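Asker: Take the sequences, apply the hints, and build the full model.
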Amino acid sequence: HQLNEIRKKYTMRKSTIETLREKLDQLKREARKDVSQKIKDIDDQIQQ
Amino acid sequence: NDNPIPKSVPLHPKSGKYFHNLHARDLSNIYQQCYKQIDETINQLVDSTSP
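From first to last, the protein sequence lines stand for chains A and C.
Residue 706 is where the first sequence starts when you use PDB author numbering, and the numbers rise one by one after that.
Residue 4 is where the second sequence starts when you use PDB author numbering, and the numbers rise one by one after that.
These are computed hints drawn from the structure, not numbers from a lab.
It cannot be assumed that every hint is accurate.
As the list claims (entries may be wrong) - Beyond 12 Å from chain C on every Cβ pair, some chain A residues (computed):
(1) 708
(2) 719
(3) 725
(4) 726
(5) 737
(6) 738
(7) 739
(8) 744
(9) 748
(10) 752
Unchecked claim - Label pairs and their calculated CB-CB ranges:
(11) C:29 x A:749: 40 to 46 Å
(12) A:753 x C:19: 55 to 61 Å
(13) C:46 x A:730: 41 to 47 Å
(14) A:750 x C:26: 42 to 48 Å
(15) A:744 x C:39: 55 to 61 Å
For every residue, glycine included, the Cβ atom is placed at its ideal position computed from N, Cα and C.
Answerer: What follows is the structure, given as C-alpha cells:
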C-alpha cells in the first residue's frame, strides 16, 4: 500500500500538473480577455 | 454749420502722443503659439492612432 501510495503520489503529481495546465488555460483565457478589453478601452479612449 | 462741431481738425502734439500710442493689437505671438500647438498636435496624432 505504501508503494501504491507512492504511485498515488505520482498520479497526484500528474493531477497537480493537470491542475497547473487548467490554471494556465484559465489564466491565458482571462489574460487574453482582459488584454483585449483593455486594448479596446484604450483605443476607444484614444479615439475619443 | 448750426452746432459748432467741425468734421475734422489738424493733428496737435497732444493728439500726436495718442496717435503714436495707438497701434494694432499684435497677434504675431498668438499666431506663433497657435502654429506651434497645431504642429505639435499633428506630430502627436502621427503616432497617437493605433497601427
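Asker: Could you run down the list of hints and mark each one as holding or not?
Answerer: So, going through the hints one by one against the coordinates:
| no. | hint | result |
| --- | --- | --- |
| 1 | 708 | 60 Å, holds |
| 2 | 719 | 43 Å, holds |
| 3 | 725 | 35 Å, holds |
| 4 | 726 | 33 Å, holds |
| 5 | 737 | 18 Å, holds |
| 6 | 738 | 19 Å, holds |
| 7 | 739 | 18 Å, holds |
| 8 | 744 | 8 Å, violated |
| 9 | 748 | 5 Å, violated |
| 10 | 752 | 9 Å, violated |
| 11 | C:29 x A:749: 40 to 46 Å | 42 Å, holds |
| 12 | A:753 x C:19: 55 to 61 Å | 57 Å, holds |
| 13 | C:46 x A:730: 41 to 47 Å | 43 Å, holds |
| 14 | A:750 x C:26: 42 to 48 Å | 46 Å, holds |
| 15 | A:744 x C:39: 55 to 61 Å | 32 Å, violated |
The structure fails hints 8, 9, 10 and 15 (numbered hints given earlier, in ascending order).
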